[PDB]
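Before any questions on how it binds or moves, here is one chain, the form solved without this ligand, in structure tokens.
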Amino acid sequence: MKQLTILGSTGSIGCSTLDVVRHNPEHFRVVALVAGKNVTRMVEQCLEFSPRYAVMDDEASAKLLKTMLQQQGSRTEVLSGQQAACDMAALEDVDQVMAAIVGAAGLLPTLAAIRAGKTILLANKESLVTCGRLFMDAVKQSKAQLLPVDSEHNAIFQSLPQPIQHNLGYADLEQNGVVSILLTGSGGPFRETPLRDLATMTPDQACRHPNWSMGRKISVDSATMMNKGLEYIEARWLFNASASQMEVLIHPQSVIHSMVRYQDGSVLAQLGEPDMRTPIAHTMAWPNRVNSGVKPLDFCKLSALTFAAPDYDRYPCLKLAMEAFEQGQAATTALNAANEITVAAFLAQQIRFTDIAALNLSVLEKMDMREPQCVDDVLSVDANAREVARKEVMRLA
């Protein structure tokens, strides 16, 4: 009977984790729900699971949730602010923490759940893209169990050997028989578009396109593969890998979520439906399993499976993210940062598609950075990179 705390219990991955707790009530219990402003879905969930706690980002919002919970009689106690969240993450009697609150918002609560040595359902990129050095040391220190929920990492983890699974981060790949890790990705919708044509690409040609893909910003990240590359950054930290023990493969159909290469030639892989309840269920049930309400992969009703290597000319955002890792957590925190600006510039139509790569590039250049050292060094490197970025979209007016 595991007990959890969800950080971002109102977003996509939050509800999926709640749909997972719902169909498996015999093993899971909510002790705390943490959200941002959706007081609306939060009451519903507090009403359904009845966490001992509910936390919202501001008092304005809590004083209202506190109110609708009042209406229903929900004994659920309401708190507010960031501290409240970190306190739910470090909660004494809590077993796992679905670190699904994204952005910089989540760096501290994910960290507080880490510091407390808890099984961590790591459901946010930024935690390792910006605070990777810190976060992994915080794990060594307290022996917190990282369990990645991201489709790719979930698959790479499931495909790894056991003694590397219990020591996530300090488990040496190569000594335990791993030749390399196979990070796979669709390759974006402009994978076969002639190179001189990526410049004339519109936002409508890249935005939530089929077979495991549906999100405004990440479509441009799937399209530029700034997404894969950023998962290269987390992979490297998460699994303790060196650029030689890494591989990025274009797998258009996204059936194979990602693989792991071994010494004797065996390649271990994971596949299933794109549904996030699969990796949310795996991580929660581990080292056992539970149902999630997801479809058994019909290998018949399926597309043919192909692969390819990325063309670093067609996907510059990936070579950037690879070199960015080689420069330090300041270069990747600022690369993640400037990228959100630029992608955004592209979606509003301020710069060409091919300008996201070139500009994220520039900010990374025009900025002599120095490795961070806490959840604040990282915040700052982000606000300086955003600024070199917001200011860069500008010269193109």
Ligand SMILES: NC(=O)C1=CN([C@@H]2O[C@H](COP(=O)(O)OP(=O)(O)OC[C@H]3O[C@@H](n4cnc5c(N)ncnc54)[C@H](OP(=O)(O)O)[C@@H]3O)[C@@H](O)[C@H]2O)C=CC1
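Residue numbers count along the first chain shown, from 1. Here the rigid core means the biggest group of C-alpha atoms that line up within 1.5 Å when the two forms are laid on top of each other. First, how it differs from the form solved in complex with this ligand.
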Second form
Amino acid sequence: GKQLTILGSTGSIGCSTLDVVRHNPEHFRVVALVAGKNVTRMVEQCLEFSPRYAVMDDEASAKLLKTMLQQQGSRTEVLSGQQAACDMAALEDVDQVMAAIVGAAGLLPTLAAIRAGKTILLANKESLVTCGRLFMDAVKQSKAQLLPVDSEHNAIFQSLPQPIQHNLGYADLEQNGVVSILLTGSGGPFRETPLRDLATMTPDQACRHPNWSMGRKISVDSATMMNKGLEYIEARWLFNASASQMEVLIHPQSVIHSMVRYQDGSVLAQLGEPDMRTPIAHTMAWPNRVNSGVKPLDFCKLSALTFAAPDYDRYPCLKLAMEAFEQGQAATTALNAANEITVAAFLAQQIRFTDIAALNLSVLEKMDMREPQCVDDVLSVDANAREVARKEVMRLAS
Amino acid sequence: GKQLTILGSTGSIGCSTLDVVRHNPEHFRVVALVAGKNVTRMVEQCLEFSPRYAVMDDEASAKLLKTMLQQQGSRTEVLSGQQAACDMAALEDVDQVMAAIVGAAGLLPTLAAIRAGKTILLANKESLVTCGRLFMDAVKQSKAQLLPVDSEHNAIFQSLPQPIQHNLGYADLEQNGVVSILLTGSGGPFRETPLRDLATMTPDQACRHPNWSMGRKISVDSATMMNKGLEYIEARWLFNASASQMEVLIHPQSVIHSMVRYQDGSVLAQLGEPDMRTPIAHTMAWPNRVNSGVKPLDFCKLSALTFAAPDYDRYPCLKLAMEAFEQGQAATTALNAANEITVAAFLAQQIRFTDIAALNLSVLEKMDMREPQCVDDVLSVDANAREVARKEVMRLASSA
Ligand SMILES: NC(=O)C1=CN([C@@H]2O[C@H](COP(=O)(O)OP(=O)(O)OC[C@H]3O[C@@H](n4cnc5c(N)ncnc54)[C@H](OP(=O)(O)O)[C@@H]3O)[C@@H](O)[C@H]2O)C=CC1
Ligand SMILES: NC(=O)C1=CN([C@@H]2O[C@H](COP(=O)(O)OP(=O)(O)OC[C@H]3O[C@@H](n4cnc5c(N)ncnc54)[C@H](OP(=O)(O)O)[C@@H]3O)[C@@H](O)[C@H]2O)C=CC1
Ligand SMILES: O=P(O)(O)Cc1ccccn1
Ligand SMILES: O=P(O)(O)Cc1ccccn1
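Return the form solved in complex with this ligand of this protein as a structure block, the form solved without this ligand having already been given.
Let us now look at the entire complex, which starts with that chain.
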């Protein structure tokens, strides 16, 4: 069937991807698995999926993996480091690359796949949040097919016409009858919290999403709507959408995953169970479909679906991200990096919930960097913004 | 650009279609307008849009129109009768035909369009309610493209993958990753009425749809969910869906217009403002899009969206329709015809709201017709079912 390289195989998206292959063993052959330090999970994945190669970024991890696969009788070839990860993404016989490495580390392996003209199942945030200009230029150049894995972008992609789906990132929305892209977001645990009380919210309260169970960092991004601000940046790049072609809508139940408004009045949407195997199986099978293991959405067991307009006084981070987009990749890169710093400080009880947006803004004000021209330039902006942000945190706590 | 015939130009769908044309003069040229008796409307449309031909089914109506148009100096050629109506649907130079004639009268002109390999903007219900097998066999043979205008079927079509859209009727749902078609319906004004109260509901209560302004017959079909039952019949034909590939859901707000469920768990849906120009414009511009005059749906001004499973004790006509499908076009034709009669009798206060489903069932029980093999056979089932139904109404209004 299709030959896959999975970048970040041991993480949450990687495991979900492998479950899709598990459900479809005649449609997908795992050629290469790439991870960072989780040797234990990597051994089990090598023993199940029989890849030609397994790469650990960490050298000690690669050495341990080799000894365990040997002890277990597997002939999977073990590589290490970043060049090896890029080589797997670029293998002549692979069809699809699941781009699921977390952070700036996912950037060069992702680009290797784009440069090799692969089908990219895109689930690394930094690719378009930080490198949207560079990566979209590179996709046009190699004719790589991007297929977004993130639930919102995937929902938009499924609700978009064929000429846009082929040509993703270069097609013209208006020419294809599209008025706007409707990005939906839960609004987080503090949708109805009095504004006064936001300053005193605790990490446990911020991470206590009534509709989720997720990592703490992304839980907090959901409470601030920084997570939607970042998807807004990705969406503008992915779908070639101007600011007037984007709408952000609060949808508390998260049943509708996002939508697309058309010239005749029609709105197309994707709905489903909250399970990343759906969007992953969509991207792996496109333009066809496969079983993902996800059960059919039961419309008789739903909460009523509601929508509201986001209030920028309640979600300053959402506005910041929209503004940062206008200023360029140095600003979006800086916002992303600042935000990692400030959220981790919030979680470590070094700053208040409301300090996240105020410090993110403060970093952006302090910076003026010029437009990145390559991945080294973005990495440099990211590194600088983190330092600015860590000093801002220390100031507040001191 | 696109040359069209509008069959039933003077009615509600016809006027809405001409509005889309009005908004898009460089994309659509009106070649032929066809109607029944509405001469006044037909004159205005001929004046504004300058069709090559206008036909009236009624001969006196067509004679009137001929004079009126000559005076006003229009060059439109006025014709009369059903053959002329079918010929307009088959014109060589015509690309699309808006099939918006009401009732059994829409059948031969719609079929004429299909036999000619046209793109058919399908509105007429009887086409697939009564002739579903005949018409889908015919489209498969000429490779005519059907594009459903009805809100539900249009929403389903837009939520279906491209290989199904382009081979509509013939394509295999399963092979294309589709597990089922989710047909949504409002549930009508009696959605929460105590069942025991249904028997005493008045015509005015049944037509008082909180969320709709439409005709009395269709309003009552909405209250009984006969309207959903007829759309179920149509959907099974149109989309090549087996019984297990269909789900009917009550959705009181009618914001989601219907949906498609895929193998991976994804559900695709079409939503929009309740305005027929949206699905009409979708069909006219497909595979592209066009402005329709319809305003963008305001998600911040909506009732909460809810869903429920239909109770067949509350909606026996829905279940009748589903059963009728399994019995064939003779049964769906008879159901449709019995229902025209029993609904009009209800609205005339000859029978009770609950006598619609009971008499519709009784007519089906008394019929014993062979599978129709052509439109003429269908028209004969329809005539006979009407007479059986009329007699059932009279039996009930007179005696026991
Ligand atoms: N989780 C989700 O629902 C969604 C996540 N995303 C995005 O997808 C990406 C992955 O998310 P998720 O799967 O949750 O993250 P995880 O943290 O669960 O997984 C990260 C993966 O990347 C690996 N990794 C880290 N550094 C390197 C490196 N230097 N080289 C190679 N591999 C490395 C990890 O390996 P190891 O554990 O072995 O060290 C792990 O396999 C992120 O960018 C995230 O923002 C987007 C849409 C949905
Ligand atoms: N209205 C809606 O929202 C929808 C309706 N439908 C279906 O579309 C079809 C039409 O609905 P709608 O437009 O509301 O109906 P109308 O009753 O408003 O219009 C019927 C049209 O057909 C014409 N007509 C009647 N008999 C003949 C005949 N024998 N020969 C030629 N023309 C004839 C009428 O002409 P005249 O008035 O001049 O006599 C009129 O133009 C129906 O089958 C309906 O079920 C489907 C989806 C949505
Ligand atoms: O829409 P977001 O709030 O950013 C993330 C989220 C929260 C709950 C359920 C699904 N997704
Ligand atoms: O879904 P149905 O009830 O058949 C027709 C209908 C009624 C009200 C609003 C929209 N459509």
